[PDB]
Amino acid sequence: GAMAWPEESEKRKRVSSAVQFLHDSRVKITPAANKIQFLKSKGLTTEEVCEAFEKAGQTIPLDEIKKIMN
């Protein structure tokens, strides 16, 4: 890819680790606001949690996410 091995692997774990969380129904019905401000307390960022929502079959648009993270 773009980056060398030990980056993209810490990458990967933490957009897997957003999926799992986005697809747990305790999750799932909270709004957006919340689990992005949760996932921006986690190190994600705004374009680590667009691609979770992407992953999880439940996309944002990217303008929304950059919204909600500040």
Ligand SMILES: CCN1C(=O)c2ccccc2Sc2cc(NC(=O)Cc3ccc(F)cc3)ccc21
Second form
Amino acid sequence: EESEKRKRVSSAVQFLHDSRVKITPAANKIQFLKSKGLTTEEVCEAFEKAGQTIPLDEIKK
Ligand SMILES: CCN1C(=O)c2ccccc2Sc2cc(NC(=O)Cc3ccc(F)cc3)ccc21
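Switch from the form deposited without the named molecule to the form deposited with the named molecule bound and give that structure.
Below is the whole assembly, all chains and molecules, this chain first.
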């Protein structure tokens, strides 16, 4: 749980840093990360650690 959480968040951060990912809508990114088993908590953390505007309009909670 703990180790898999750390790894998910870290993978999400590198994901958000990908130049091809960055130019896509926030919605795409959230939905993909959710399909990757991240919690909304972890999604929010990833955006923070990646220094990217946490997408405020959060539909999928
Ligand atoms: C091929 C480039 N790319 C996308 O275009 C893209 C853009 C928005 C949403 C999903 C995708 S699929 C995709 C995935 C990835 N990376 C992974 O699938 C690896 C990964 C990322 C986050 C995780 F939580 C687990 C594995 C990189 C670029 C990329």
